[PDB]
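*Asks:* Starting from the known structure of chain L, arrange chains H, D, I, E, Q, C, G and K on it as the hints suggest.
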Amino acid sequence: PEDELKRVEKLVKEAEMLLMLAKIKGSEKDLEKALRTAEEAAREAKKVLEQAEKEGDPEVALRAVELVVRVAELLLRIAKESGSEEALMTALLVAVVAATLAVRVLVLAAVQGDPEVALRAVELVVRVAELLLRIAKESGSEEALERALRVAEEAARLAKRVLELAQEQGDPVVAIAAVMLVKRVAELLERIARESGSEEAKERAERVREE
Amino acid sequence: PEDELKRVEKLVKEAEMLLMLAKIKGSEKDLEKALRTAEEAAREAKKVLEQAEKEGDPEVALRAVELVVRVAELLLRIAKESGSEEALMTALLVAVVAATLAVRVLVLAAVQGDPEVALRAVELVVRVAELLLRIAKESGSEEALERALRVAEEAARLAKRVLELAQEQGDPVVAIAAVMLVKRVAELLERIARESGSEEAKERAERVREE
Amino acid sequence: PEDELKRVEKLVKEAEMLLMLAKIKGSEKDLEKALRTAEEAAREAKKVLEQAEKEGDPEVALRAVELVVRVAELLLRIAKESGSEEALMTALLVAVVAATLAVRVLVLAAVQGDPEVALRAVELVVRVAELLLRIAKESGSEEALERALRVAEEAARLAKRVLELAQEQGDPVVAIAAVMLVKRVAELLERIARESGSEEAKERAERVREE
Amino acid sequence: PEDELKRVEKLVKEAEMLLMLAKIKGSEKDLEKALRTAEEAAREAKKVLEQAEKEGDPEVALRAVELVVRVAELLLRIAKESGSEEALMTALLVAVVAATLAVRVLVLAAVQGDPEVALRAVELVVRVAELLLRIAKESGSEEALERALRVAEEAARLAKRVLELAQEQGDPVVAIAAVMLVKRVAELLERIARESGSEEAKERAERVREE
Amino acid sequence: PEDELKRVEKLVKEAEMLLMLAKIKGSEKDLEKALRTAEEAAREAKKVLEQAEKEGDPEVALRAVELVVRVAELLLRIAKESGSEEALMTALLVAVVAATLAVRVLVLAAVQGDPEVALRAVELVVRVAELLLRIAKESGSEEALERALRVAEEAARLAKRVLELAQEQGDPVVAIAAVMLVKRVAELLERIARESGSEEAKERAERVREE
Amino acid sequence: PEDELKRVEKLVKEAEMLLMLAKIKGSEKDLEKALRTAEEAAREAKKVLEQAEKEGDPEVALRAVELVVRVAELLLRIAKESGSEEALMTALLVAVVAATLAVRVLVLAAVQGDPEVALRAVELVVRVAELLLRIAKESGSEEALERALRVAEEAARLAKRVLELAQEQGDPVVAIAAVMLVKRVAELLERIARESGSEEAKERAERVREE
Amino acid sequence: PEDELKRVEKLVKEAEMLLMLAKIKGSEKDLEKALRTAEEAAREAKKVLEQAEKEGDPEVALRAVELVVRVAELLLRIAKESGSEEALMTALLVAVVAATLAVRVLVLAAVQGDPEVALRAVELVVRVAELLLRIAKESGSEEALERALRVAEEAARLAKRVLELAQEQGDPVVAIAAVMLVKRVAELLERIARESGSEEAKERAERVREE
Amino acid sequence: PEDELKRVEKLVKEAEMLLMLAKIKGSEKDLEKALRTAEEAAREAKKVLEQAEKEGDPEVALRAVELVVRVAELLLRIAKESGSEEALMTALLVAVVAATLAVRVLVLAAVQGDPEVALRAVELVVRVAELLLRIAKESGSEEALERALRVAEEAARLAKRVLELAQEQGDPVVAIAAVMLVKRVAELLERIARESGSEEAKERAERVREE
Amino acid sequence: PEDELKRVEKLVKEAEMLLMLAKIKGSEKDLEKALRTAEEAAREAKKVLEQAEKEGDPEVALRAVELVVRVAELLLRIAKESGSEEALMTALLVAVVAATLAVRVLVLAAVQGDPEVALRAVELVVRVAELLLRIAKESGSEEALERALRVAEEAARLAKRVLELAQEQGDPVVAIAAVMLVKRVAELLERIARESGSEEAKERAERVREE
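Protein chains in written order, with the authors' numbering: chain L, 1 to 211; chain H, 1 to 211; chain D, 1 to 211; chain I, 1 to 211; chain E, 1 to 211; chain Q, 1 to 211; chain C, 1 to 211; chain G, 1 to 211; chain K, 1 to 211.
Don't take every hint at face value.
[To be verified] With a cut-off of at most 27 angstroms between alpha-carbon atoms, the simulated BS3-like pairs for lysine-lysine come out as follows: (1) 47/C / 202/G; (2) 33/K / 47/G; (3) 183/H / 202/H; (4) 13/L / 13/H; (5) 46/H / 160/D; (6) 54/G / 23/K; (7) 13/G / 54/C; (8) 29/D / 25/H; (9) 46/D / 33/H; (10) 6/G / 29/G; (11) 160/D / 80/H; (12) 29/Q / 202/I; (13) 54/G / 6/K; (14) 29/K / 160/L; (15) 54/C / 29/G; (16) 23/G / 47/G; (17) 6/G / 54/C; (18) 23/Q / 47/Q; (19) 33/C / 13/H; (20) 33/Q / 54/Q; (21) 160/E / 29/D; (22) 54/G / 137/G; (23) 23/Q / 46/I; (24) 54/G / 13/K; (25) 137/G / 47/C; (26) 137/H / 13/H; (27) 29/I / 13/I; (28) 13/G / 47/C; (29) 46/H / 13/L.
Don't read these hints as lab results, they were simulated from the structure.
This is chain L alone, in the form it adopts within the complex:
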């Protein structure tokens, strides 16, 4: 049931409500249950995926996982208002998850032959990459920075795999978009390469800008 997705979505709104009230009247308990509501919202989000795998709906799978991204993003924000290393780590944990989950939404889209959803699954990986990057900035964690760049390249990589089941089904437009996707990853890696000395970003960009 996408009936659940609405549940998940409303939980998220509520978490955002608990956060928004929390900043207004300065309540550390609002912020706490906001964290917990978020956490629940994302738990259920993954229950919904897990059965959209054991069913045939990649559409449901994608909406579930992008809700999980939404939860991750909310966690990042709660972290910044709380100033909590914990909240920042849970933000990070939901982020690293969303990545491999998007990857699952993708492989489902391939098995079932739904190239437009696979594409979106790959974009989502990119979003997760961008989030990790954010988290990395907020925590100064040299590890989160590595995870980010990694996840980026791995999206650019899966883009080829999206183009590849595109060219099986004769749909050049999503396959062109699938190449446009690879170049905004090249670009992200280039934008990162410039600022923020990384002995890496340079290499990853160079070898994705080949692909």
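*Replies:* Here is chains H, D, I, E, Q, C, G and K on its own, set in the frame of chain L:
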């Protein structure tokens, strides 16, 4: 349904009718059921809010809460004719409620992006402040006096939060009105500061007149 | 609908017709159904008020109640031709009713802000007073005499309440008339004081002639 | 449903029709089924009360019971045309019933606070009294005569109880009527006292004329 | 609906048309369907009564029954042209019916208090009597002759019952007419007494000429 | 099921009906079964609590217990009409029960975090106190008087415990009301202190007026 | 319906009537309801626009908005007679509104291709500018002064946009008028530049006098 | 329902409104939601086609797809004002889509035998070709240039297929127009051949100018 | 359900759509799934027959089988565009099937007595014959040629059996048509006899032209 609001409104009129007859023929039972009709009117008023939260109508929420203010105000008056400490305390209880309820109407207006309704929600807080002040005078309660001034400043405070989602939506006029709102609070606190020695009103006015 | 008022009015005319024929050909059955037609006319008259309360028409309310007075007055007359203690008591019952009903028409006129109709509602109380006085003479009932004088003073009293919502709406003429009303009550009570030894009328007149 | 009352009423009309035809063409079978139709009409009448108790309608209760009186009255008449001791006893049985049933309509009117209906319930007791008196004359039964006078006084008694919930609800007119009711009982008992030597009627009248 | 009466009436006209054509061109089939059309006309006529009983219209009842008389009269005539013992018996059957039906129209007129319609109902009985007399002459049936005289007296009898609800409603003119009605029955019975040796007519006339 | 509460409530109304009839016709058997109906009503009332404990509804718990108070109050009244020491003791027994039961409704409200219901539970204790006081006056029992004052103070005491889970949940209004509650207990104890020499009431009031 | 516009217009006249009477007899309540009538008139005015957007009538849109200007102008005047900072702020709020509303009437005129109405919409902006200037003088508000000059330049700016859809439709006359419009803005800004030291007006005039 | 088409159309107008306002006041958020409104308009446009396939309406199909072209064209324009590579790619994606969709509208027109709609479907392909050409110029993308020319020739090709079901249905005029269509493609390819060195356009024109 | 037939029919249209698109854009995969869609359409077609046997509908049976012919015919065409020996053999297999299936529709029509449907069943055999002939030409298969001629004669044969249950039910027209059917088979066999040297067609025509 705003169909209910009309119910709530008519209950209130009736309560006012029972009060107005009560003063005319001097019936302590008219005054009693007037109190109880009022009380009901405000109960339902909050049922109506509670579902306007679980729905999307901040408009309904505001009309519900300002009816609750109306009920509070009626209770203050019934108190003064009865000379009841009880009626005065129930007046006070509906008043302290209306405050945090307006605050809820506000946070709903923010979540849903309705800055003109948020503004009115904040005015309402100010009205509640003014009511508390009245109640405080009638009961000589040194506590009600504190609640009043508090609630005032907290309205001036939320005014910034109204201006803040105003400047997100690019609506300077309600945001200007939102600054005009803060200065009639500064003024209320100044007007109170003068008469009625309060070691406080002075401070609150000084620090809101900064903001 | 004032469509009903015409119904009520025609019922009354018919009752008066049944009475007038009854005296002509000396029919005790004409007189009976005349009583019953009257009774109906007044029943409906009050149905019409009752909804003019639950609507916004004090105009309809007043015409309904003064029809009820008209019915009461007719009952007094039927009583005198029949020589019935019963008919005289039902005359009395519709009379004591009309009083508190006029009082309702009045409080409606106040809630809705219609000072000229309130005034007339108070006059009507006076008429009812005058009727009670009549009934009292016809039955020699020491109780009806008390009800009369009471109802009188209570009209003079409500006159202040008419003047009081007059001075809110800035209409000195009906408010002057509202003081002229109090003095013809003082006068009625004085006229009664003189003849018909009453240990009371004297007091009531003295204390209304203050007001 | 008052839908039933109309049923009960039409049954009664029909019974009266069967009676009226029966006298015209002299049919002892018309008179028989007239008795039985009557009997049914009153059965259902009490079913209708019984649920107006287990519901909240004293209005329905009163119309049901006064239909039962109507049935009783019809039975008295059928008795006189038939010359049946049986029909006269069933007349009596429905009469003695109607009494205690009116009493139930009354106590319902008290529980539910409907003083005008209680009043009518008490009048009804008086009617039943008057009926019993009739029945007593037709049967020369020294017992029916006792039941009559008894039931009379017991109505005058319940009149106080009507006045008593009148003075709780501040409705002096039905309470005055409630005293007028007691004096037509005093009167009935006086009218009976005179004719028809009864060592009793005298006492009952004396002690009710106190009350 | 009196809409039906027009139906019944037109059926009758048509039956009379089928009869009138039948005599002209000598068609035994015209005469047959004329009988059947008549029969229908009278069937519906009684359906119309039957619901005018279960409604409140004695006016409708009378027009229905006198149509039934009209049908009866038509049947008598068809009988005489056909020379049918059958048609004569069906003539007789509708005649004996119309009698007891008029009687029903009457008792309806009494229940509902419509003395002028009752009167006409009784006249109708007389007409039926006159018809029976005709039928009796045409068939030489010693039984039809008895039915006739019987029905006559029974009309004179019901005349008293018409006068009796006349004197309840104070309408001496229909009550005088109700006595004029009894004397044309006395007269009919006298006119029959003379010719046509009947050991009976004499007695019936003597005892109705008393009444 | 609150379906049961309605059962309990109707039993109570019926008990009150049996009592009200009992006073009217002076039936000691009505009064007896009124006692027993009351007793049942309160039995079931406690069954309903007992499962509202083993469920999560403090709302149901409170309505159940306040019905038990209602039953107690009815018993007090039946006692006074009967003049029974027994009925007065059973009145007392249901009263002393209701106290510790309210206390249970309270601790349920705490476990489940429902401060507004806890508050009402504490008021109820106060009502029970007031009842005990009544019972004490009617029986002159020096023991019932002690139980009363005790129960009073113990309510004032639990008020702190209500304020205490109020300040955990940040709801100052019920917590203010919770302090208003303590002062009407101080007041009750003061009102009792004055009249009715008690070497005690003085002390209890002094030490609660501290708190 | 332009049927509404007449409503709006008459409301405005009435407001002006309440104001004009208010100054004559010196009634602060006339002035109050004059403010409120004005306020309503402008509310409806915007309802009428809002549907002239969701319809195709820029003509209706312009008349609606210029009524809103009229309301704004009336508010300025009421402010000056009352001496109210509040009335002056509400004057200001309707003024700042009318500006962005005229802007909407304009963009509607563009979408629908009605260059003569767009022109008038831009003039209206200028009027609003002139009003703001007035308001600014009356309140000495350094902010209202900024809003004024701003709004002026923004009109001169939209004038180019009017000329631009003029030159698409080949209508040089409204386009010439559209350049004449820009120079009376240059002029207004110059007239303001001179008196009333503003470090700004100078710049705005210089850069619009380029355009 | 073509009721939807109007929806789609109005969405498009609104998008164009958001764009036109966006250029006027320079709002990057207007431009954003203009993009998104456009995107929606085209989503629904394809929902409408998708069911016009699963229904029998090629007329609905064509209007839906040409709305999709309209959306594509709007996207191209938004791209140029924003200077966004993203907006330009989404412009391109809706363009490449519209092509194969027109192709679907065509094959529907063939299955259902509607040669005039097929013709228009083929023109539409040509429009899409022209759009791609535009997009290609704006992005300098050597790939978009290939897609353009391709799509052109493929329209000229389907023109034969339009002529071919024309000659089945004996409609030479649309079939002549179908040959006129091929020559403006030859011409487009020739016009492109000249400017803008393409080693290709030459070949495609040569081999279509054969056909 | 003939609800299924529509399913079968739409599958066929779709197969034809996949074929028609396949020839347009030259897609060997369109042609493949067109074959498979066809194949399904015919599978279900036979499921529908199979239950129209186990039910009483020869009408359903005939529509099912002629859909199977339609599928066969489509397969022949797909074969010719693909140039597949396989597709041609599956064309042949559905053809040889349709024959013996028509034969079943026929024997059902006989058992159930529906001679007009039997006739059509026999025509269908002839169509199948004509198809086999086509297939035979396309494959040069000396075997398919034998099957064709065979199936032809066997239709002419069953024609006698159609005429034979015609003459049982007295319907000479379908029986005449049943003889007209035999002569277009004689004719088909004659037309084949001429061209395409067959040592056979001659004999079969000679011996059917006897019959």
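*Asks:* Taking the hints in turn, state whether each one holds.
*Replies:* Taking the hints in turn, this is what the structure says about them:
no.	hint	verdict
1	47/C / 202/G	60 angstroms, violated
2	33/K / 47/G	24 angstroms, holds
3	183/H / 202/H	14 angstroms, holds
4	13/L / 13/H	38 angstroms, violated
5	46/H / 160/D	39 angstroms, violated
6	54/G / 23/K	22 angstroms, holds
7	13/G / 54/C	12 angstroms, holds
8	29/D / 25/H	43 angstroms, violated
9	46/D / 33/H	24 angstroms, holds
10	6/G / 29/G	25 angstroms, holds
11	160/D / 80/H	21 angstroms, holds
12	29/Q / 202/I	31 angstroms, violated
13	54/G / 6/K	14 angstroms, holds
14	29/K / 160/L	24 angstroms, holds
15	54/C / 29/G	22 angstroms, holds
16	23/G / 47/G	30 angstroms, violated
17	6/G / 54/C	14 angstroms, holds
18	23/Q / 47/Q	30 angstroms, violated
19	33/C / 13/H	22 angstroms, holds
20	33/Q / 54/Q	32 angstroms, violated
21	160/E / 29/D	24 angstroms, holds
22	54/G / 137/G	37 angstroms, violated
23	23/Q / 46/I	25 angstroms, holds
24	54/G / 13/K	12 angstroms, holds
25	137/G / 47/C	46 angstroms, violated
26	137/H / 13/H	26 angstroms, holds
27	29/I / 13/I	17 angstroms, holds
28	13/G / 47/C	22 angstroms, holds
29	46/H / 13/L	22 angstroms, holds
Hint compliance for this structure: hints 1, 4, 5, 8, 12, 16, 18, 20, 22 and 25 are broken, all remaining hints hold.
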